[PDB]
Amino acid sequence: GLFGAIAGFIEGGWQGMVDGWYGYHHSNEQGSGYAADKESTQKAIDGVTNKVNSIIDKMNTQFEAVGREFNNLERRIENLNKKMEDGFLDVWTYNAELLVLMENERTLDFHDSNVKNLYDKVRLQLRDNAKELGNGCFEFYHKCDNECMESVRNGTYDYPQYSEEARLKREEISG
């Protein structure tokens, strides 16, 4: 991927998460489970939906009637028409096919980017209170119960509150 996330370090999707596009898995003392980031996910849905809708809605359609109305002493004109129809067919086919390829690429990269951005968001929250494993997972140096992890997601993680405990484990697990 462009952002090395989706098929890079996070080497795989979770069938367990079904309530969103991007989100979290956790395992503590209290149990393990999935949660979904409703913000990044809904923003993504809005984005992609808008993209589809705009590939659809920007097309001007007007009445036309086609059309074989020339006789056998008007074949030159008939050929002019053929050239025109064939021309437009070529233009539209090439354009549509390429547009789909290009925008599909952009879409997958957009997903990649969203994932990576969520990752870095969490990473900036935790710093040295946890270790990066390199698979999109953070091994906590302190004790993070359900309330703590919901604070990680919510963007409300209290770094100094665990910094010492972590510092012990670190500077004891790094022992």
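In this text, the rigid core denotes the largest set of C-alpha atoms whose superposition between the two forms falls within 1.5 Å. Shifts are known only where both forms have a C-alpha. Positions refer to the first chain, counted from 1. Compared with the form deposited in another entry:
Once both forms are fitted on their core, the CA shift for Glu147 between these two forms remains under 2 Å. Once both forms are fitted on their rigid core, the CA atom of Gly47 lies less than 2 Å apart between these two forms. Relative to the superposed rigid core, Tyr119 undergoes a CA displacement smaller than 2 Å between these two forms. Listed alone, the shifted run between these two forms is 60-98, counting only residues present in both forms whose C-alphas move 2 Å or more over at least three consecutive positions once the core is aligned.
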Given for the second form:
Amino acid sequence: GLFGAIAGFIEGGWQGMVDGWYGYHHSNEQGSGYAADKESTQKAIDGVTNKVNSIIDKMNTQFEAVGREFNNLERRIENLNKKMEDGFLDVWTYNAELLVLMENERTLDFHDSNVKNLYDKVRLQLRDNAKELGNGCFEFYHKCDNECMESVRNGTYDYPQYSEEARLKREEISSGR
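Switching from the form deposited in one PDB entry: structure of the form deposited in another entry?
Just this one chain is shown here; partners and other molecules are left out.
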């Protein structure tokens, strides 16, 4: 996809997040698990349901074929008649197919732009208190329990609070020992 997240730096999706489209996998001393991002999954549901209704709704009025019968010396407008009704049947078929196709692309790059936007939400919260691994995961320079994992999830995460324990643990790895 256009934003390089889906089938990109996060290669593969998680079979186990059965309660959302986008989300988290926390991992501390207490254990690990799946937690779905509550708000962005809803933000995508609304954009897609609004889109689906807008496509059906746009084809609200559309050409309606009518039966007309013409006699033997009315051959000309008989034909005029036909090329016309067909004429219109074609225009609206082109419009339906080409619209679905176009908004299929835009549906996918919405999901893609969203994953890449949740990853950069976390990235600018933590900064150097964690190490960016490159596979879409973050490894902390400090100790983070389950109510701390929650502070990153709902956006509460406090940087100055853990920043001292992180910068002293960064200093330990600079030395090598």
